[PDB]
Every structure is written in C-alpha cells, then in structure tokens.
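Only one chain is included here, represented as structure tokens and corresponding to the form solved without its partner chain.
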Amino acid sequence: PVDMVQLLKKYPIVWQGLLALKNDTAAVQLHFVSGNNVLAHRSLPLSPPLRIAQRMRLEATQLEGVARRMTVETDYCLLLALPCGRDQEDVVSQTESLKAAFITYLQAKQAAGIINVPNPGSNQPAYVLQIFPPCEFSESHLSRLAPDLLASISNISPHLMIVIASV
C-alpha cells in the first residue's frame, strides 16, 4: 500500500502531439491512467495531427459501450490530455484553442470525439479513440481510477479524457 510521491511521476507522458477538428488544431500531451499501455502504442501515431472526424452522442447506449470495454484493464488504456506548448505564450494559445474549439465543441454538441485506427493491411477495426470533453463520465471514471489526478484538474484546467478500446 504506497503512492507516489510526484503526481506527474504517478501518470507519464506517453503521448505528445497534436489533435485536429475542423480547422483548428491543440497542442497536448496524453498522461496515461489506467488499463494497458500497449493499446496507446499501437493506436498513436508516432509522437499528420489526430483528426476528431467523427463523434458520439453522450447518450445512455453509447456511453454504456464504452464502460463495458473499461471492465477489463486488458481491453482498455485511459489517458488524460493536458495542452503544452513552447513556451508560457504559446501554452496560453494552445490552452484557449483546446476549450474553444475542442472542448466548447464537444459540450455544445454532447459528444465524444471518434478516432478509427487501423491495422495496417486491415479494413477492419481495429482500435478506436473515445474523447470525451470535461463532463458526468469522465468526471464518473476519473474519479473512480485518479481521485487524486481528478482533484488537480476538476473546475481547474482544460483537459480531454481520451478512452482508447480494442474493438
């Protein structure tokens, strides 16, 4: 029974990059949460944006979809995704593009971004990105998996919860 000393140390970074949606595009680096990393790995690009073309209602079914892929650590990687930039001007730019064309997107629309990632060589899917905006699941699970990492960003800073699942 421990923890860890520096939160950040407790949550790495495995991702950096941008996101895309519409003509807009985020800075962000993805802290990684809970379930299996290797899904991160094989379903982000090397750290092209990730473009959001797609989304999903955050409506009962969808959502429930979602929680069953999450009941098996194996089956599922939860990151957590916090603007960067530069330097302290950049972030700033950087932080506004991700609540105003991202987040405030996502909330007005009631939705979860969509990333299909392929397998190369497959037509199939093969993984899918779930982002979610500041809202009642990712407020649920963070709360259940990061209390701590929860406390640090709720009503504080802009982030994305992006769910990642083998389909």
Second form
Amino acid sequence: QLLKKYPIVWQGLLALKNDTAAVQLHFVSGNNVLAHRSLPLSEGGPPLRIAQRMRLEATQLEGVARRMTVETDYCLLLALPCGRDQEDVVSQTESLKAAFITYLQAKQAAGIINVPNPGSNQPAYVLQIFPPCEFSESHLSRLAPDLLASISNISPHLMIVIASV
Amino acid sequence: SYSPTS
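Got the form solved without its partner chain; any chance of the form solved in complex with its partner chain too?
Next comes the full complex, this chain leading.
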C-alpha cells in the first residue's frame, strides 16, 4: 500500500459514549512531535475518549484552519480501523462506521478532546476529530491527494487535527 | 467553542 508514506504513529482505542473502536493513526502532515506529546499510552490503558463536540460551521472550521497554517503548530492524522484478525477488523470497522462516522455526520460535528498537562487546568493540546466531510476532503486533497483518492467514498476513516494551544 | 456529547 501507500501507507508506508503515511506511517502509523499511534494504535489504540477511541471511545464515544458507550462505544469503542480500534484504530491506527497515520501521520499525514504537520509536526509529528505533537502526536507523541498529546496522545495517551495505549498499553492497555483507558480509551481515548471523545466527550465534547464542535459544530462543522464557518467560524469553528476557520478556527481549525487557523492553526494549520504553520507546520510546527499542528499535526494531521488519518484514523483507520484495525483488529487482531479479519473477523475482528470487520467488527471494529462497523463500530467506526456506525458509532463514530455516522454519529458525527448526523450531528454535523467534529469530536473534541482537550488534553491537559498535569498540574495545569489550561489545555495544552486539542484533538479535533472529523468524520469524512467537506472539511476533511479539502485538507486531505491539498496535503495528501494520493491518500484521499484511495479512501474517499471507499474506506471508513476519521481525520484528526492536533493543535498545540 | 464546544458542547458535551451525550
């Protein structure tokens, strides 16, 4: 595949309400250090939980694009399903489709995860988790058109924008 | 701005 150009930098579970999904996060563009710094340990710990959401509307999306203009201040990741065998993969993929993509599209929202530094109740990083949508297609077309062509309307996925705040 | 999930 072409997922050697977009290496896996994190592997674990996402959570949303009472649902979970096993994913691999592929580095697309920006500053990979933000992924290492912002994402949790996945050696059996609690899942990465989406407990907030942001509307997919003009000023919200402008704010996300704002942090994406300099390569050191953001990280763009692509989330794809994974599992221990084909049967597990189908089930994890159905979870991603039904409990994450369908839900966020129906609410017209991106997931939001604020990541604090220990000792500070000010957010250090924000994870912005998009379903396939006009915004993700725009930026994936700009930054990784080969990757977008391989997944668009073909493979369920999420786009994750990590911003240091 | 944000809002909490269910």
